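Taking the form solved without the partner chain, here's one chain by itself in structure tokens.
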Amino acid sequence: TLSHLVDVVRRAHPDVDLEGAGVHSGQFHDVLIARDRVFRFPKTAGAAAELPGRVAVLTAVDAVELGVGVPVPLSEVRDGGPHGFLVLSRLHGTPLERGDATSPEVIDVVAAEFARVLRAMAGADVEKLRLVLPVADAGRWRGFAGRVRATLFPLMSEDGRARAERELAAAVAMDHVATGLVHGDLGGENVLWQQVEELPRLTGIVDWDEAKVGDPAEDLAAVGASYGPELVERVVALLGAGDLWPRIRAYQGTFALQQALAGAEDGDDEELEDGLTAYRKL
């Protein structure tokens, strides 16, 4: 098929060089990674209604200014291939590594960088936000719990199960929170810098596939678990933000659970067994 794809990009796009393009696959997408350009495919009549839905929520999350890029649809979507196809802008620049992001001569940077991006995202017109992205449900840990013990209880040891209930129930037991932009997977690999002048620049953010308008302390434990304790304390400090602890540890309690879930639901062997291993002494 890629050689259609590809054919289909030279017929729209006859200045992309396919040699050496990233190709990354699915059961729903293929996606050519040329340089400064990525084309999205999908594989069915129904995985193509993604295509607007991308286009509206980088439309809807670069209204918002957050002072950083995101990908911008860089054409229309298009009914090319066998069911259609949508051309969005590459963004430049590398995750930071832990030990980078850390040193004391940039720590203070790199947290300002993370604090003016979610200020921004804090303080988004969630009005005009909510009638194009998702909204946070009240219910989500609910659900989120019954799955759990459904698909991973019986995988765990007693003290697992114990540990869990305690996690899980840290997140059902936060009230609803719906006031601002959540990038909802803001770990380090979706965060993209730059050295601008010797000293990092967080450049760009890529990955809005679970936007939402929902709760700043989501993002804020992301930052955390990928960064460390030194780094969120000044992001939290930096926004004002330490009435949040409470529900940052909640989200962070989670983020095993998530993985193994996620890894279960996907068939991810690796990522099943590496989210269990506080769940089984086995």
Given for the second form:
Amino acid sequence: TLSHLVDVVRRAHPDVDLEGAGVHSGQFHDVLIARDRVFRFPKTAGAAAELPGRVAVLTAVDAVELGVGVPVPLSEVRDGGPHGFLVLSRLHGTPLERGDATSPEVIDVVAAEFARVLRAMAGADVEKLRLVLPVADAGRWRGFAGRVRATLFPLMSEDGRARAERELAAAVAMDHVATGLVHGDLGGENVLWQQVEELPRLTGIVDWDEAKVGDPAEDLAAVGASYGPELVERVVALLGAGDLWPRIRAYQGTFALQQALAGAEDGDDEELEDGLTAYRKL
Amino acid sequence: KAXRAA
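Structure of the form solved in complex with the partner chain (previous: the form solved without the partner chain):
Complete assembly follows, chain above in first position.
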């Protein structure tokens, strides 16, 4: 009832222009994206706990001091609207197009921007983080394999299932690592850049929903999926993370299956179809 | 969504 929500925002934030404002909507919550501010409004009394959740994650991440922006609660959580609301900062900047990230005159700068964030994430106080964030579970990939075999294997060719079993197996084989902050979805769309005196600067990281105490290889895998091995090799060279390659490849070989399984679970037909194209001939 | 993970 976006009319109500808009009135809730006008009343609580008079100077917010909702003319030409984003709307993300869901079964879960509505989000009004204004110029400098995001308003999140849960739809259920149970979804309401997401608001202190988001505050606690973003506060914990901000306390690590990554040297780049993350969304900041601009308000306390409020018990106005139907089930509460939270006002977060909007970060400025644009994902780096893959062609731009990799030009010879910027690729070293892009590599160090990723490295300095990933290094601050790897040096987080994990004893503090583990009180707030999810912690990588040793069972995670066994369970994911189980759901992939139940939901997706029937839609695959026999070659699909053989390929998927080897990809699931490389993830199930990994020993449990929980040694720093992990974003969990560190693809290009969640990383925001600005041209700062004619060179890229990494100014913001958004979408901390998958954030955890975990394996730094999982964020390097996502950087590689967005930007290719030329970039991730340079990032890994700078971090001295050459040991992580087997883990990096095991995360990356699960990405199409993660997308397929989420397409099935979320009811996004295009995500399901797109994640499965390697696993069948039709 | 999406191939990164989403």
